[PDB]
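Enquirer: One-letter residues, chain by chain:
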Amino acid sequence: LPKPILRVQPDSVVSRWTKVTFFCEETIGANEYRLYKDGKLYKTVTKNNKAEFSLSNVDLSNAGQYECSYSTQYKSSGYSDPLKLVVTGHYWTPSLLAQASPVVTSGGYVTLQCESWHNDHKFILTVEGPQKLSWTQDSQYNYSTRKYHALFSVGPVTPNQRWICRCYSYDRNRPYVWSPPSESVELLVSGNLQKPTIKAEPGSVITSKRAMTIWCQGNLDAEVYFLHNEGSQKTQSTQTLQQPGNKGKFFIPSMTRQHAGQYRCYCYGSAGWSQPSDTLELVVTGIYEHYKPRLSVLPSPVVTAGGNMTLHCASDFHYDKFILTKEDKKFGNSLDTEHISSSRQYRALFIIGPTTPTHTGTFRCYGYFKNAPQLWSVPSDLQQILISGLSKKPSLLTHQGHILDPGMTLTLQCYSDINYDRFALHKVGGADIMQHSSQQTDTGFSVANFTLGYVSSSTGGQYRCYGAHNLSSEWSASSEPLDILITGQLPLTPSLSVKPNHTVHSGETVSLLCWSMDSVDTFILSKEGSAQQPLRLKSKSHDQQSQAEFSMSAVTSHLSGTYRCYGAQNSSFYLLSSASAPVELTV
Amino acid sequence: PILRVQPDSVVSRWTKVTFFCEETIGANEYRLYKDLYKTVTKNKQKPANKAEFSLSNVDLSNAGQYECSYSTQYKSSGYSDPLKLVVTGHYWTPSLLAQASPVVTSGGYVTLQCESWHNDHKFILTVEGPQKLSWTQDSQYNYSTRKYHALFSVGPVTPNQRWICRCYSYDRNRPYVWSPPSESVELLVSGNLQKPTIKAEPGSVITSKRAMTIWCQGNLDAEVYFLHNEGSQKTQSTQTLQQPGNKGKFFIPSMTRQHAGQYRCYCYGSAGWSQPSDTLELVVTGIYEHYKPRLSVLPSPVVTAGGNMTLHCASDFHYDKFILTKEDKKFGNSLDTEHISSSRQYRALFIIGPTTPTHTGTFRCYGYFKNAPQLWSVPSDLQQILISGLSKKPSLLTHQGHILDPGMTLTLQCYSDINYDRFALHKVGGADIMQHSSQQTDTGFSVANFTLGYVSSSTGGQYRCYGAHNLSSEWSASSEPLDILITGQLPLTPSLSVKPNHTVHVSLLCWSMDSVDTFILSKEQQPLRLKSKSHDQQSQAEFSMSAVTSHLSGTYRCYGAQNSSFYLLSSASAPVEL
Ligand SMILES: *[C@@H]1O[C@H](CO)[C@@H](O[C@@H]2O[C@H](CO)[C@@H](O)[C@H](O)[C@H]2NC(C)=O)[C@H](O)[C@H]1NC(C)=O
Ligand SMILES: *[C@@H]1O[C@H](CO)[C@@H](O)[C@H](O)[C@H]1NC(C)=O
Numbered sequence: 026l027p028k029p030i031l032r033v034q035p036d037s038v039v040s041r042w043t044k045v046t047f048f049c050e051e052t053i054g055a056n057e058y059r060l061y062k063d064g065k066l067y068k069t070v071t072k073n079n080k081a082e083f084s085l086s087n088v089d090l091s092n093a094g095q096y097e098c099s100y101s102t103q104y105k106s107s108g109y110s111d112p113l114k115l116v117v118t119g120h121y122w123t124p125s126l127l128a129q130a131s132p133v134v135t136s137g138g139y140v141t142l143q144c145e146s147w148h149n150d151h152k153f154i155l156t157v158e159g160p161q162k163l164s165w166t167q168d169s170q171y172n173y174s175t176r177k178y179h180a181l182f183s184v185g186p187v188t189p190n191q192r193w194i195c196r197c198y199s200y201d202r203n204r205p206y207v208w209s210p211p212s213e214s215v216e217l218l219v220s221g222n223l224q225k226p227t228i229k230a231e232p233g234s235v236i237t238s239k240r241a242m243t244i245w246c247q248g249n250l251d252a253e254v255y256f257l258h259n260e261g262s263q264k265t266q267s268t269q270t271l272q273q274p275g276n277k278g279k280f281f282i283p284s285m286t287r288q289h290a291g292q293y294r295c296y297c298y299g300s301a302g303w304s305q306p307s308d309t310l311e312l313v314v315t316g317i318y319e320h321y322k323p324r325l326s327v328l329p330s331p332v333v334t335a336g337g338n339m340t341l342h343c344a345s346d347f348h349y350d351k352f353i354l355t356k357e358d359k360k361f362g363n364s365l366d367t368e369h370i371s372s373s374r375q376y377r378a379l380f381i382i383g384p385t386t387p388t389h390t391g392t393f394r395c396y397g398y399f400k401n402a403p404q405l406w407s408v409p410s411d412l413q414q415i416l417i418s419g420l421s422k423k424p425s426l427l428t429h430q431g432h433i434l435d436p437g438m439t440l441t442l443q444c445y446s447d448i449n450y451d452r453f454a455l456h457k458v459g460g461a462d463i464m465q466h467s468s469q470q471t472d473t474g475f476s477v478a479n480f481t482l483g484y485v486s487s488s489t490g491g492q493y494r495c496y497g498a499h500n501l502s503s504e505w506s507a508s509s510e511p512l513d514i515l516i517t518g519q520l521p522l523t524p525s526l527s528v529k530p531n532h533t534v535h536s537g538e539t540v541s542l543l544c545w546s547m548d549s550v551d552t553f554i555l556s557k558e559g560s561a562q563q564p565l566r567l568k569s570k571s572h573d574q575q576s577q578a579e580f581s582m583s584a585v586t587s588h589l590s591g592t593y594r595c596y597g598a599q600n601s602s603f604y605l606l607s608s609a610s611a612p613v614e615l616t617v
Numbered sequence: 029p030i031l032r033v034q035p036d037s038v039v040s041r042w043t044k045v046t047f048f049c050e051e052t053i054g055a056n057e058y059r060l061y062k063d066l067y068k069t070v071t072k073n074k075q076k077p078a079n080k081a082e083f084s085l086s087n088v089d090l091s092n093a094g095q096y097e098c099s100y101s102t103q104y105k106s107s108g109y110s111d112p113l114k115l116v117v118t119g120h121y122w123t124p125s126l127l128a129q130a131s132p133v134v135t136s137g138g139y140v141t142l143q144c145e146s147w148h149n150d151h152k153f154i155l156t157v158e159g160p161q162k163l164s165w166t167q168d169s170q171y172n173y174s175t176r177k178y179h180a181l182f183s184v185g186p187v188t189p190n191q192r193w194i195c196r197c198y199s200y201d202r203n204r205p206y207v208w209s210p211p212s213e214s215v216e217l218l219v220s221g222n223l224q225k226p227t228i229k230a231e232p233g234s235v236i237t238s239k240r241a242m243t244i245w246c247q248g249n250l251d252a253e254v255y256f257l258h259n260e261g262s263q264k265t266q267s268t269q270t271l272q273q274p275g276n277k278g279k280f281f282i283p284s285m286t287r288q289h290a291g292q293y294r295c296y297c298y299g300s301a302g303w304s305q306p307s308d309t310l311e312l313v314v315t316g317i318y319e320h321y322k323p324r325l326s327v328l329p330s331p332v333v334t335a336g337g338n339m340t341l342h343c344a345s346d347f348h349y350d351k352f353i354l355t356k357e358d359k360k361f362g363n364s365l366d367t368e369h370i371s372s373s374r375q376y377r378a379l380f381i382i383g384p385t386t387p388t389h390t391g392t393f394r395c396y397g398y399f400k401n402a403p404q405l406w407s408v409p410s411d412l413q414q415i416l417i418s419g420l421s422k423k424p425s426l427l428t429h430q431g432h433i434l435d436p437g438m439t440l441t442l443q444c445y446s447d448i449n450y451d452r453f454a455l456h457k458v459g460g461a462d463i464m465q466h467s468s469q470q471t472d473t474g475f476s477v478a479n480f481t482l483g484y485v486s487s488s489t490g491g492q493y494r495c496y497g498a499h500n501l502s503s504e505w506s507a508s509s510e511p512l513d514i515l516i517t518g519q520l521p522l523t524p525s526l527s528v529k530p531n532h533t534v535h540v541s542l543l544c545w546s547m548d549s550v551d552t553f554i555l556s557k558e562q563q564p565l566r567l568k569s570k571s572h573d574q575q576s577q578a579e580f581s582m583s584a585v586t587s588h589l590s591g592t593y594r595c596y597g598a599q600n601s602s603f604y605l606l607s608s609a610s611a612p613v614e615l
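Here the protein sequences come in this chain order: B and A.
Numbered according to the authors' numbering, the first sequence spans residues 26 to 73, 79 to 617.
Numbered according to the authors' numbering, the second sequence spans residues 29 to 63, 66 to 535, 540 to 558, 562 to 615.
Chain B with its partners taken away, still in its complex shape:
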């Protein structure tokens, strides 16, 4: 019979009072297995090819050499190579933990629990001060954690003394006398002096794994600043930058989940403790990366001053609440998410009161859950809001004509008699807003180049322009609407007709007509170099053909003539048909 193999989990060197299991692996199938400890029968396991020997809570006596044997009814033969099980004792140093938090109001108590691995009857808590205060407690035994502990209630805490606690344990009459001390647990006292001002230089919202600093500047007689996280964390700083005034540095290399939450600066000085700082809430983003939210604005990203505006942030994921932020700073408050039964979206409408110039900026929305208020989602694609104002209306004129072809490039241009430092272009129905600086032309007024790429079907619409000053943050009023029309998209093609003679006199009249057998809702007259708004007429169909009369009264030589006519439908108000054969009239 082949020799068996004995395994141990965990490793052969185990700490005291920890469960261990002996695994006896054998390829043959054995009716029973026998574990021999130091040459004596210790255990016997029957059935279940591998058998286990569980030794929960290993004591010092259980340490030694072990052997496993496997047996069949017909024969047993093999003894395994012995594996030495070694038990390691525990340290005598006790553990001192603020059972609630180091925060204490003046004249109050904070409960501290001191645990250790001693059979010692009594524990001691001492405070580092001119007078030495001691508390003596008996050791209680917790059967679940298998550890001896004792709770202390230090106090009453006076706001003039610095409280640093250390724990000791001993027995009354044993040679080893006292145990080594625990780690110093310092209490945070809510004094009566003036509160320090806590700030965050990068901001209160930081993406994960990035650096940030937390500084609180308080009284000039301070000595030590404490940065207490409400997630039960505490950082201590003594060396503070003296210039200018007392400023306590707290640096975090990379933000994680354990660094988010509310923070308060506690301050001890020459005149005692001080009132705690304001609750600065830190927020770590970059979690929940899969479902990025999306934000949009109604009715337009540019609204008049003092008007209704509703921002809409929704996500396919079941977020609990949505929070809006402007720039890197929090904005407004949190709103619950509403589950639309149809669109499968969790919605939240950020209704805003009468608009103010302060609302102008860059908005983002985040998603998070109630159980983790400081763990936000990935930021959403930014949505820029620009509230208009009551300044003088700039003018938006277009080189190269209104009605364009796909193969030409349009560069929009906005100017204003008032010296505006910056101009903004907006397309009605769009979301993005383009901002360009203004250059001082020789005529003395500002001019902004708004370059636009190759004209495509999307480019047609309505463009408005706004002005602003450098120091100012309030934008101007809207500029007169600008209709950009795109030709050559609709298959239908109209035909043009002229009523009278080609050579009309300086006072003659001409009613022209463009008609088409195919259905056309509106017709548009175009002039060569039509920098002017083309004339739009609805179409009245006497025959199966749609037609429209563009009457001309008291024509002049400047009006050389009218050349092409275009068709349009109600489905797309500003996407025009192809051109009609040109017709040149001469006055």
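Be aware that one or more of the hints could be misleading.
Unchecked claim - No more than 25 Å apart at the CA atoms, straight line, and that leaves these computed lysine to any residue pairs for SDA-like: (1) B:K322 x B:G302; (2) B:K360 x A:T309; (3) B:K44 x B:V88; (4) B:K359 x A:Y173; (5) A:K400 x A:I382; (6) B:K400 x B:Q288; (7) B:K359 x A:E357; (8) B:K457 x B:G299; (9) B:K229 x A:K229; (10) B:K68 x B:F48; (11) B:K264 x B:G299; (12) A:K422 x B:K400; (13) A:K114 x B:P186; (14) B:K229 x A:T386; (15) A:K422 x A:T309; (16) B:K360 x A:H389; (17) B:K279 x A:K229; (18) A:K570 x A:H535; (19) A:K356 x A:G383; (20) B:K152 x A:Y171; (21) B:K162 x A:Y173; (22) B:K360 x A:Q563; (23) B:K423 x A:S467.
If you are wondering where the hints come from, they were derived from the structure by calculation, not from laboratory data.
Given the structure of chain B, go ahead and fit chain A with the ligands onto it with the hints provided.
Expert: Quick look at chain A with the ligands alone, frame taken from chain B:
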């Protein structure tokens, strides 16, 4: 003075006590202050110089803090060190007090002390819940206060259960026979759920003895909101307005010292406790009304956008710090007070970075001490700041003429081509700024009439004008300066002369024997300035024109002025008609 008690400060019940107020000086009257309680008058006619305050048969109500004052008729000054008078009861009912504060972090302990005046050996602390938790402690005896007490450490506190503690006392040999309970002390748990938003409708800064409301709106699954003052106070509200959402009402009839400090809203609901609200700091003003501070601005109450500006608030009293407020809201932070050794003033300079339109408003400054950060002084006389902007320059014209004499009323008028909703007038060197509504004249531009009272010597100066829009908070640029000149202030009167002919188809001269620095020509129009060259001890000035037109025909007068006052003119000069 020193206040003595016989017997000791801790007296048995129903026993007579006497207060001795010993003072080396002789005082006409004595006043005992409890927490004015009694007054004995001895106008030195009485032999003894010390007065007694007999409190026969002391009950529980007499316990508290006591102060004695001694006064001379001409002055009173001294308060004595308060001696805590403790009355000891014999009854069974115990008292339960949160030794620190009801605030608890989830999974922690809060120490509660239960004291009583009985010889009961054991105390019990019970929590009001479905599961019954009990703590049994032996009574420790304090020999100083002669009262039996026992400390309890309730916990661990779970953020899912509502913790309401009541204390009982009993005897060891018999159980189930408890004494009546103490007042229910409910712990405030710092949960992990979403934090409520705490607000104050009137504001965070309120004058004393006035009413205010504190509302915190949190989760819609809440049940009870707790408003905990960091001065160890707690208000509980259950009935909340359902529409719209859960809103907890907290009303205070009159604000006092005990209502100031930082407040936080703790919230318990169906899903457990929640993180406490933000630390809303309440401040009660109207205290220290004796020494009102004063605030001023340099260089001018109207500065250009993005410029240096320093606000100066000082007071004769030794305040620790000064705080600036805009409107009813706090602004900036606190600044230490600097004791100027010469002017006996405690100074604080509020330096402001590059100006922003948000700084436009109404500023006040308060004084307070470090030991009481929420007890501020009486508000100072307001100082209004109006930051200018980059809008189009308005125009400033004056009906009824520029140069006026006293006993006349001047109505200033400011217009601008841009539709401005509101106009503001400023006088260079002044502090106040006048704001008027705008009138839309038929010409298409806005116009504001700025009425000025009876013209006096002080009223002369330099007035500027600014424009604004309703929705906007950014003001316009400055309007061209307007110099107002006052006639009839200097006794000397100059004379004018014309050389050629009465009927011109010419350099004029205004002369004065007395020393005169500058001369001012006036048209019966922007006045003309002439410097004086002193030939033969007389001052004179020639005004050349190099050309003449029909419009220039008129009556021209000259006034005198000195460098000491640029806008205080002399009396009128005899007319000369061209
Ligand atoms: C704004 O755009 C125009 C063109 O889009 C710039 O230049 C003018 O271009 C037209 C024809 O394209 C010429 O007839 C003009 O003579 C050009 N003007 C000048 C001054 O060269 C114009 O310069 C742009 N503005 C700025 C500040 O770059
Ligand atoms: C066309 O115009 C010419 C002159 O321009 C005129 O003589 C002629 O009669 C006109 N004919 C018609 C048909 O209108």
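Enquirer: Does the structure break any of the earlier hints, and which numbers would those be?
Expert: 1, 4, 8, 12, 15, 17, 18 and 22
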